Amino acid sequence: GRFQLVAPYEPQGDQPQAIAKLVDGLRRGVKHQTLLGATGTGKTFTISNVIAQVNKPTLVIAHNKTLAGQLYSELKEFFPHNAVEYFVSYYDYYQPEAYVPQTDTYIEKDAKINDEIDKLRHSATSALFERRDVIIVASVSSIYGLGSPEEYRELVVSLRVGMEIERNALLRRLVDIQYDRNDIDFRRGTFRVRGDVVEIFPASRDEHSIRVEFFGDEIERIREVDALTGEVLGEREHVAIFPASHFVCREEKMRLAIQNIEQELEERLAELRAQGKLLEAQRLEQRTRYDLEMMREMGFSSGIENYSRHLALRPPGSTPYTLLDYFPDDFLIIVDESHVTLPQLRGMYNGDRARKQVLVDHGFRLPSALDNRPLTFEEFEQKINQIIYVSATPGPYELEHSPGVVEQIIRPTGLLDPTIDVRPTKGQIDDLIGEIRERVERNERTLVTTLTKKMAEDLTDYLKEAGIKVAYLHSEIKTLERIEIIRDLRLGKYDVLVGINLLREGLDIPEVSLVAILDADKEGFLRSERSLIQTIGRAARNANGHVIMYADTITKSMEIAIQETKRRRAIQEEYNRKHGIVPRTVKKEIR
């Protein structure tokens, strides 16, 4: 395939040079590069240009699913002729199996699956074999266990007009790859028959079923079919039907796997019983033998993922197969918000290991359950072909592995990194209150950041006493109601929002002209250099953007952020001067 970028506009401002640097580094074979793109500079359009120029299948990794969704929307509009795909957790809810020693409690695994997300997951994986012009937006789900891509590929049922194959032989192979017959409710992951037509709804597709028409053992035709109404659509010459699960469990391997699980259990029970952990072994035997009977009286068992490694016959310690393995060897990775996303990726292994080791220590699971896991960060490193880290505040790992940075600060809209004032703590709430009132005069909103949920709630109350319209925003408030609070800020219900750590990455509020950082000098994660610069960027979407940092000293963290903001402004002033640009505030749609 071949990527076709589609937009009205050309690259502008800093975008051209940025695109050129990243493309040349990629072509020279450089492994790690870093796009130091300041906020609201059109970072998704820049990276799309790179993808379009180098024409490699690409994985965009995001640290959260809201941002994941936006990237996926924007990229769908930029590449409407290409396979833009989505790959995140497909669980409506999920609690893992866990044991909590401090409160001596076992917690059952509970789950519930979202059908749309599973459909997208299958569209994503199948796309990577059907064609080369694929971009997948993904969460850290990308580093979790799937079945091997080789097995996933060889189980495909490939069909072409002219083929000779027994009607029932197709059907019986479809069942092998996890499809169900269903003449009543014809939906994805199911098939049916209507005389000569064998109608197949692939696992990757919402509304568009295949219709394979037979004459004896021949295939006279194949047809994509709109299943909203029932009408027929275009007539293909071939089609590929991929498995309706990323996990194969065939009996041929399962028989030996059972005796391997059987013999790991013996050894572990002897181990536990020897150490006077008699309760633990009784636990381990009761679950393992029950699961093993289910494994003999059925294909499945409960918690089957715990026996991943045995059921695959792969050795102890094995690195799992993942989405990354489904990509070609010359693929490309974009890491969105790398300073937050990479630490998250690092820690997926740690938390999973922690949780599973206590299950194993208390005899809920065998030691081989540790091999059912995500990648370690080191295993992620070894699977990188080439990678681009995007962030306004790139972290240590990105800088240390990249040959300097591609800097992109000039915004196509000419908006400046705001000015910053530093004021004393003496009489700070009154100074702020008056400064908010001037903003309410100009119909401009304000963000205030404190250190705690308690302080954010107390200031909201106190600002209500002063007659200011205001809400607090922190993580006690569920996602749905946060969307609504932010919506209601823009419409004008509130002139102020008080927060802690939800007022940085991916918050475009054009109406905000003031950002108030309280306790600006209290050293810690909330007032580190990066979180400081990220908070400052909330005021860079409005032409009268301003920052007040209340503090009595100026920390090292404060002085780097002040200096790097000033420098960025000065460069943006000069570009604006050269081109006669007067900064204009962002007109963005509500909802």
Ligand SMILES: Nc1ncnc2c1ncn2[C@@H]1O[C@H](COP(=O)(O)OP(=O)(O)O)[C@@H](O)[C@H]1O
Given for the second form:
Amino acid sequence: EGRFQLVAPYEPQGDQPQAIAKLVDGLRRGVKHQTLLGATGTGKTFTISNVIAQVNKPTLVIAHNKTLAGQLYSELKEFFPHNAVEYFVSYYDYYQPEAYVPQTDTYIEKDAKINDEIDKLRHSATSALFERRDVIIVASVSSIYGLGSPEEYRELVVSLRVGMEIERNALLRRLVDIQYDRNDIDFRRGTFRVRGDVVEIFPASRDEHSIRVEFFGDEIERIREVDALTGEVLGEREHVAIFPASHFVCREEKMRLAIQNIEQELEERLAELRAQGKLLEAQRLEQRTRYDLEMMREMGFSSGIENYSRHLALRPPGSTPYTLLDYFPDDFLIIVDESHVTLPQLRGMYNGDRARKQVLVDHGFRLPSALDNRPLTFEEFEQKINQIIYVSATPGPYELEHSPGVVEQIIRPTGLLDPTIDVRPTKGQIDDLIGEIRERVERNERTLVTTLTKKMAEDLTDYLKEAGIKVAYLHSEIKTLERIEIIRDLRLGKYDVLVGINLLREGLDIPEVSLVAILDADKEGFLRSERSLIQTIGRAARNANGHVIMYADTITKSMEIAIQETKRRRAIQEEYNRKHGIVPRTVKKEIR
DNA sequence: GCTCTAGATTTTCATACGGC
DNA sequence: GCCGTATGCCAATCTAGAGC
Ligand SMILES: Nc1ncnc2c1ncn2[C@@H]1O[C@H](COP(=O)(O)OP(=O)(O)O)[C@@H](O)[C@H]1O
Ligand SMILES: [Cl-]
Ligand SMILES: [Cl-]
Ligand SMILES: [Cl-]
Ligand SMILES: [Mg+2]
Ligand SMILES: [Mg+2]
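Now that we've seen the form solved without the named molecule, could you pull up the form deposited with the named molecule bound?
What follows is the entire complex, opening with the chain shown before.
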């Protein structure tokens, strides 16, 4: 039980308050699917926060990337400073999955490294849902990939209360059983130790805050929070729950039967493959499957154990995997940030995973039961939904098709206007641009350019430097850390222009940008779709002199729709401005 | 209708080796 | 067997075109 406490220095404004009211009505009435159509710069997060606070439900927000995810997490940390705002993503620094490519007859070995901090946050995410109700989890599609059952997860928690009767070494056993390691020398998270009559435990969800449990004989006299760094106390606890240090827990009891069932599966497919004269394939499967089974009878954990998931959980074949979704209560809520991308990405996750595994199975690398170790299908994602709100400036088909209408939110609280749009011929285009950029330089304004290919962006960048202009390029070859710099440098003014391809769109706040130039606008394709064009136009929406130049010789079906949608925004906006008598001011935003 | 291209994101229960 | 350490740049996915 709990209660969201929204904290903000502003009240809802513009299209916000009607949007808030409509979405909340929808939710109370029981509408499953809804769509917030929020123009860029209208403050959708904040709209959404109001909605969360009014309906008071643990909510999951799915983002399509870790940058955005990061930001939402940070934004919502500030809006809900007394509540459990949490983070859930892949915790792998690098990961390469097991795979076989028939076209090259190449097998690739699994390779992976784990980030400790994300692992921690994931444990802080799952535990949080069992302790309290005022929870928001900002997640990637990592939330449709498999976890161990949450009912098993909950039941293995070690409860610890003042007055409890409990033997010390039993507690130690139990901590061990739930994947805590003893460590006296190096007391980091996922560990415990003893110092006399006190047992120190470092929850799997914590970085800088240990639990210090003081014992009498078999009685816990007191329980205290402790700074990992310093060592001082930081609170007196009556009780505290220690959750497992892993989301999967194998238990010896049932591991035995699991092995029989695997060995039985092995025989049957080996036979099946020989019967078909796939003799090398059976040789493979035999060789590895037995090696893995060896390590499950000597040790507990074998390499790629996850392939034997469904067997080790003793569940029937074709079984749906438990995921984070199941860790929420039944009446939870889901927000889907940038739904037009996140949902396709979501749909796609299973397809890649299944394509990959079907091959490994076909060519004798893994058993058919490997395929039951998977993310959710989109169809299963749908059934797990309780209610949901797709947020996006350019909602895709699925959203529109499943939502009553849209809740629209085009009026920005700062009173800013969707930019004006010129269309110009490709003849002499880059000279046109160079001049047009120089004008912007003179008024301390910045310019974004998009092109269709990485090399065109680099060439253009080199020919821009050539003309005296200060510029850098920006595409996927550049590492995420360096990007933040590049952009920081643009805002600062080290650069006056930035040339990109497809990273100059959703999520990008730069109010120093007064101009956005979309080259080859007529070249139809994913870089110049209805939606892509609209999203790139938005980059100029955070400036009073915001302007967009599409360089083309024709006007495609997409440009048609973009010019109209924008035009329409600019009118409704300018109307509301003329009523309230507002003079648009460019977004004052701190750059460091 | 098949096959290829573009830029860009995400996901995946670490493990092979050696020296006790 | 039990440890601590060195180690990776390798897949298939998405949308929406081009070229035969
Ligand atoms: N009701 C409001 N009054 C004043 N400022 C607001 C309000 N709602 C949001 N803002 C501010 O406007 C800024 C821009 O909104 P933003 O979240 O970038 O829009 P979106 O992310 O939906 O495109 C935010 O940093 C936010 O602090
Ligand atoms: Cl399930
Ligand atoms: Cl060019
Ligand atoms: Cl050029
Ligand atoms: Mg409206
Ligand atoms: Mg945003």
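For clarity, a rigid core is taken as the largest C-alpha set superposing within 1.5 Å between two forms. Numbering follows the first chain given and starts at 1.
Core-based superposition between these two forms puts the Cα shift at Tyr494 at 1.9 Å.
Structural comparison between these two forms after rigid-core fitting shows the C-alpha of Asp458 displaced 2.0 Å.
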